[PDB]
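Presented below, as structure tokens, is a lone chain in the form solved without the ligand.
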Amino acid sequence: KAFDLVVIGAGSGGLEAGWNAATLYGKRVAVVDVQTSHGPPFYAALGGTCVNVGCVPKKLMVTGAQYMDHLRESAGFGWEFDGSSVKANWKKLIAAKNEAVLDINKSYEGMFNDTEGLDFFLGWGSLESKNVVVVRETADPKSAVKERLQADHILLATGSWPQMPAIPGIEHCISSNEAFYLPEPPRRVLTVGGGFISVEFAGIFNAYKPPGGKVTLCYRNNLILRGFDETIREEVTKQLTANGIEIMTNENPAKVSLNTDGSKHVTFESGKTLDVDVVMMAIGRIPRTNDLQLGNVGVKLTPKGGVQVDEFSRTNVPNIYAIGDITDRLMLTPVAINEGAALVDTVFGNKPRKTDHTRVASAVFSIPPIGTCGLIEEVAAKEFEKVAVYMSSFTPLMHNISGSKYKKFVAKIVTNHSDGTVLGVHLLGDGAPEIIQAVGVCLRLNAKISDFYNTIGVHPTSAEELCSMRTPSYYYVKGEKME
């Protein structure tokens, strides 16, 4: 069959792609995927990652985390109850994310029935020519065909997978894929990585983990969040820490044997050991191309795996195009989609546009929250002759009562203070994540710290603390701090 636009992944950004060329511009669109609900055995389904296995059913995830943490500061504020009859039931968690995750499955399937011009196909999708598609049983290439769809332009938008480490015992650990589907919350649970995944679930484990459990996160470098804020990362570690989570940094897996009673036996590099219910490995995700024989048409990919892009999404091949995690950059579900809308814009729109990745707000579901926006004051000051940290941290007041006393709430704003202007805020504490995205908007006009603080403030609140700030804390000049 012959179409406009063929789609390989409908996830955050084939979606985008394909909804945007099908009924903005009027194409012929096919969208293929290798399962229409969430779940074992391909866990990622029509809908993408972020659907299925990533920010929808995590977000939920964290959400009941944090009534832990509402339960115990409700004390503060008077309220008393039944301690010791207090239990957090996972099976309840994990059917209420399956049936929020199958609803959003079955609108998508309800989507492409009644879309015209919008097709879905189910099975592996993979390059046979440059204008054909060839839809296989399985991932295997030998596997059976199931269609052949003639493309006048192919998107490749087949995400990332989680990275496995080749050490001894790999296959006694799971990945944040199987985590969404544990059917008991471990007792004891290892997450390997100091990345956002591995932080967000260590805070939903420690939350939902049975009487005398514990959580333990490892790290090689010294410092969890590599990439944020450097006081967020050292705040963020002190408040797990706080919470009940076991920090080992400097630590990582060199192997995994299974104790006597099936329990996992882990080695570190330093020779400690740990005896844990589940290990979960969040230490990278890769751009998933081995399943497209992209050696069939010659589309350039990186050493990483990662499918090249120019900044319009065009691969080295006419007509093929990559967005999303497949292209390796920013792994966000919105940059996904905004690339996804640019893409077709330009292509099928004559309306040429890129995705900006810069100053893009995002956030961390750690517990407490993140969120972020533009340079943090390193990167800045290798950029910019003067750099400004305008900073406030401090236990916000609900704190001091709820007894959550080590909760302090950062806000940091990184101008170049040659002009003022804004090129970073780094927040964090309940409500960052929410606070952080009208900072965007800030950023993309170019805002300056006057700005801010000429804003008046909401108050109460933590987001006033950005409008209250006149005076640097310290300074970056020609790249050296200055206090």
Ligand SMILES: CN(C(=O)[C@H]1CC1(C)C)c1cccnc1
Second form
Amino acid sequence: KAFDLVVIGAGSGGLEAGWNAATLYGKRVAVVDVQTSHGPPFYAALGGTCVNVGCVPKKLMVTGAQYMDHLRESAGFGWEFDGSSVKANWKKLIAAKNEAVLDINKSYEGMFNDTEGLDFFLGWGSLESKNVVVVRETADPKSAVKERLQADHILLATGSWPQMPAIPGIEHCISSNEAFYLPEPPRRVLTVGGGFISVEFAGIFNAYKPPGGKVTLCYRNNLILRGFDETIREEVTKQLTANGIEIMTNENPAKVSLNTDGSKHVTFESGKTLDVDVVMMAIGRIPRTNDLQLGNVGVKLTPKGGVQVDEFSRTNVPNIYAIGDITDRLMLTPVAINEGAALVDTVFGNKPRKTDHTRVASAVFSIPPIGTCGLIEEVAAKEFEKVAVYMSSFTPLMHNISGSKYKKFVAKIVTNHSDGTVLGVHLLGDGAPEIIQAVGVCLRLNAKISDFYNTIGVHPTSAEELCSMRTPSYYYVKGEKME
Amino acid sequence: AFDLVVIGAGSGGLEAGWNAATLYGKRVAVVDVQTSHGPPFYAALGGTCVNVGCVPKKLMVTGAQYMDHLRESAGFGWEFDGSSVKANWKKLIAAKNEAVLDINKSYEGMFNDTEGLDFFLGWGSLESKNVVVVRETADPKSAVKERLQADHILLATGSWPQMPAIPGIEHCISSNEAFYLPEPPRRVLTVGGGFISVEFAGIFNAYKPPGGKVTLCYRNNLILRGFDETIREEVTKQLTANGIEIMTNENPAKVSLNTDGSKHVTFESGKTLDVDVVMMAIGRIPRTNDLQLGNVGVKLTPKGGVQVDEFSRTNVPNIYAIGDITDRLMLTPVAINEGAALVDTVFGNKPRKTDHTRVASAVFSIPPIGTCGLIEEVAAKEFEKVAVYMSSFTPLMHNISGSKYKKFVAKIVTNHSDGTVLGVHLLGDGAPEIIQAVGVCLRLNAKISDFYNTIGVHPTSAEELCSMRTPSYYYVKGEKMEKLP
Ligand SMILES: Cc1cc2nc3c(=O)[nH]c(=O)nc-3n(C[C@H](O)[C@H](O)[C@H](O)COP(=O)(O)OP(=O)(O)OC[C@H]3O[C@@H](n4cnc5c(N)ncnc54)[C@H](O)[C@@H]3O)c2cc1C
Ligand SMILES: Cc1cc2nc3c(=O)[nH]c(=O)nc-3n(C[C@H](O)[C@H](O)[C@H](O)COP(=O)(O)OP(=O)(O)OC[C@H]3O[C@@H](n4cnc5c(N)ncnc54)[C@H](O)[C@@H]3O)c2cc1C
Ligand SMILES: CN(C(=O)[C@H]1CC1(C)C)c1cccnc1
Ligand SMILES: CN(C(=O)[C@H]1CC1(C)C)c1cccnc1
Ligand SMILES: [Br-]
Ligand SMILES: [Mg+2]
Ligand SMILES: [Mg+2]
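Can you give me the structure for the form deposited with the ligand bound, which would complement the form solved without the ligand we have just seen?
Below is the entire complex, every chain and molecule, led by the chain shown above.
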């Protein structure tokens, strides 16, 4: 049939775009996805990666993982129970997560049923012609044509996909996609990658591992979580270690084979070896463009595989747009959502708007978690003559009593010292993701450190640290650190 | 002889003291009655918050939270013998005691490792407008430990629980004794609808022995006057859902010791109840008496708090009052801000006034409140058109947790004329942490569109603040309605 807009991918960005165009601009909209509910074989489905195999399940599972800390920490506050009766039933967690995800899948289905002028098509979308999306049975372009959709405008919103290194024994390794469906919690697991997904999963597995289990995280580079504040990177390495995770830095899997008992035998380029039940590859995500047959319309790609866009999410081909991870800009659900909103307003509203990819509040659901917004000091040091760093690090009192004396809360404010303007705020510790949200609004309003210090604290909180730093800890002048 | 003499080594008194000494190389004496926490005088070096307020309360509310975490864990697949679960109150109090003592010791450190700054022990009162007398007791006619000369005198003696003069008030405790109970009460009546009564009901609720019952009574119809109405009704539910009994329109007429040591409480409605503890938390009042304010003519207010202008100045030159003795917003960070402003003014020659508007604060209820600025009722009497944005969802984790009663409430009250945020009110896990940076937003004159144009952090409760674009209703010239004309 004929549509004002065809969206390929029913994810974070695609549903924002498709709903807005139908409901706010009264366009006739078609959206395509490969599955109506979560899990094998295509993992992402109606709802997107975040709903099905990202933010949503992972948050529920980290929340589950956090009770390992609460059960132990309760004792400092005089809670007593039979420690030897304690089991982390991973099957109950997964079943709980699956229902939660299926409920979302179902509500999106009902949304398509209940919303006139917004139509779902199941299967594989690809570009036939610059105004025709073909929906097929499989990813294979030979496969049978379920639909052919005439389209004034086409939005590519197919998101990203885990990266698997071409090494021998790749086949004995999983991504985060399979991790969400492990039938049993691995006794020993290697997470491969120093990024948020490896770290967040190392925490999940560490809490639900059967007795005498072990979690190992490996990263090629010296220090996990590049892109994050360096003090936070080092402090989070220490606090993961304190909770019994083995962080193997400057190490990479050369090869995986099977022990005769089917457990996975890891050889690191360093001549180290490890035997584990699971190797989870979390080394990167690449934009999903192969199946889109973008050759048929000549949509400009990067070598990486990303769809190249201007600031308004417009491709080199007019009437064809891309938003979300497929653009390989910032791979976060609220950024994809913002891109979809901004696009539809631009194209169908004539309310021209670009997404601002700077000063984007984000979190890592590590144990403990990270909250961050804006520049780290190294980046700011290259762009500003004078950078001030305000830093407060302290084990909070609750965590003297709790027994987790290692759980130091870190708060860091990075400023342009020439005028006090806050460039970056970086938090590690319980509450960090909740604290940082309204800090996003502060940086949109060009808050200065005097706007933080002059704000009266909420006490007792971790957050009030942000409002109690009067004096820099150190500086960068012309890119050079100075204590 | 001292540049500054401070009566009270509390939240307000120490900030002024340390700032004066370390920023303006001034010479400061601080008076308090006690060097560490607990009986006989409860407050000590560090003040009410450190010794018998925010600090031990937050530790004890954190303890209480484990009752919820242990239950909730099951939804995520945690399995243990529920029948083995015990709440060792005695452990909690010992742990709290050690935590507070370390802070008492931390503050003694500060006075030591700080030149000019020196602690004097005993009771401050005013002899003359430039001489403080540290006595041995709260009797004006006890020995004179010291005579102190003062170019400037700061009054920071804080507040004190009010005990309603009913028959058998000697059988009741304040929050002061609640912190040192040797055993957790099985039956407890917390008297009052304020944050202290509500917080303590939560604590007693988690540590009560088996067959236990926490009852909260309030003299009027709805707890937490001065907080957002939606939140007041919601907290009331969630406390009920967690087995706390809320008695509204009820107030004790008297208390009698039963022969077994328990308390027979007779209400005004004629209702009775037996409880192991009656904790009165009906209000706190400024510690004005033991200063002798007849004896230099400092003027109190129609409510008993030291009268101050915006610079914390009394009618008497050289004499200031900050914190709870001023009987305004009884919060530690307000005391601290006042003290910092006073010293930056008087000694720093950088005059600065505390902003008593747009103050972020919290109730460590289970679950907690975080709030900053005007509730809609107040806004609606000041602004022609007021918009209320409201989102109330049980967050997903509390589907699986089994605590479906834990609804997160996010309210933004705006000036609808220009969209300026007047108030933000949160109920739910994380509300006190969420609200701090909301305080900064309101100082920067954040509009509702600064919130909704900010990209959310997903998944959080906080991101709901950045997802509200459409008012839920309005007040127009004081009048509530779904729609504008
Ligand atoms: C483990 C994990 C955890 C994450 N955690 C967070 C977090 O906590 N917070 C956060 O903000 N971000 C998080 N992210 C990132 C977030 O999930 C993504 O940024 C976001 O989902 C991308 O939205 P999008 O619209 O670009 O694509 P997606 O939401 O991934 O949507 C793409 C959709 O397109 C479909 N599709 C693909 N190809 C085709 C085709 N040819 N035809 C039809 N349909 C197709 C897929 O089935 C999928 O549903 C996480 C990601 C992962 C993997
Ligand atoms: C149970 C409870 C919980 C609270 N929780 C919080 C909370 O979570 N957050 C929050 O912000 N606020 C909270 N508060 C309020 C907070 O404690 C006060 O607002 C704050 O302590 C007031 O500071 P201040 O400087 O006014 O006096 P205080 O901190 O009370 O200091 C006054 C000091 O003066 C001393 N003193 C009195 N008379 C004399 C005298 N004649 N000579 C010498 N010394 C004297 C006392 O010993 C006391 O140490 C709570 C209060 C209570 C009671
Ligand atoms: C996707 N991502 C990044 O690209 C990180 C490099 C950063 C720090 C911007 C991410 C993940 C979690 C939280 N924040 C950001
Ligand atoms: C002390 N106090 C009040 O007097 C409340 C009535 C208010 C809302 C102004 C308080 C307690 C906790 C958080 N905020 C404020
Ligand atoms: Br590195
Ligand atoms: Mg439809
Ligand atoms: Mg000294």
